[PDB]
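Encoded as structure tokens, here's the structure I'll be asking about.
Missing here: one protein chain of the complex. Every other protein chain is in place.
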Amino acid sequence: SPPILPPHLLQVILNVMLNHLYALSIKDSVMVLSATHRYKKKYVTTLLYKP
Amino acid sequence: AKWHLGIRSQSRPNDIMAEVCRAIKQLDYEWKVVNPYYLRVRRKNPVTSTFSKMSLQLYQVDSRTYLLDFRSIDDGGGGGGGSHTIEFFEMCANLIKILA
Partner (left out) sequence: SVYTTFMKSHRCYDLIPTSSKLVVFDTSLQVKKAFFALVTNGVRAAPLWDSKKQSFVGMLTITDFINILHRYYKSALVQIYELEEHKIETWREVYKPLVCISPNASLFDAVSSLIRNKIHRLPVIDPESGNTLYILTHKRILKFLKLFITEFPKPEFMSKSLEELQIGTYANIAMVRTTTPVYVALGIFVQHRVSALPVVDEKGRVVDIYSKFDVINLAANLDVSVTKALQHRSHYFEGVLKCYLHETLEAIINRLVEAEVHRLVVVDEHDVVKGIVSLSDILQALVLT
């Protein structure tokens, strides 16, 4: 059987997870994808709105 | 806003890994099988000619439910001048589409 979700890999976020895909429930045929990446010592969380 | 990690299913782990391999093949990405529950996938950009890699990992989150995890691989991919991050998001949106 498949490994159990590590904490602190959160299943849901409400508003070590670096590079992980998060996404909103789809609505109006538009997809919202999210993830945090690292450039040297700087972090950015990118949201892509995509039909 | 409510953000969800990857995607969820209540199929059998084996069934699940079956469909993502099929979904992958459909896109014509190359993939490697590390574990029975861990896939490294590679893809060459038709426009930029660069390569982007990512991991698909299946976890158990429930007694009935499993979670497919997408993670970009920070390996000197990708763009381009594309965008490793954006191209990551696109590889995913495509797979999540073929599924569903």
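Residue numbering begins at 1 within each chain, and the chains themselves are lettered A and B in the order written.
One rule holds for everything that comes next: contacts are C-beta pairs under 8 Å (C-beta built on N, C-alpha and C of every residue); 3 or more make two chains touch, one makes a residue touch a chain.
So one chain is hidden, and I want to know which residue out of B:9, B:48 or B:55 touches that hidden chain in the complete assembly.
Residue touching the chain left out of view: B:48.
Touching the missing chain, which residues of subunit B?
Its contact residues with the unshown chain are 1, 45, 47-48, 76-87, 90.
For subunit A, which residues touch the unseen chain?
28, 30, 37, 39-51
The rule we apply is simple: only the chains that are shown with their structure count from here on.
What whole-Å value do you get for the distance between subunit A and subunit B if each is reduced to the mean of its CA atoms?
Distance between chain centres, rounded to whole Å: 13 Å.
If we count contacts the way the header does, which residues on subunit A are in touch with subunit B in the complex?
Spelled out, the residues of subunit A in touch with subunit B are 1-6, 9-15, 19-25, 31, 33-35, 37-38, 46, 48, 50.
In the complex of these two chains, what residues of subunit B are touching subunit A?
Contacts found on subunit B: 1-7, 13, 37, 57-61, 66-67, 69-74, 84-86, 88-90, 92-93, 96.
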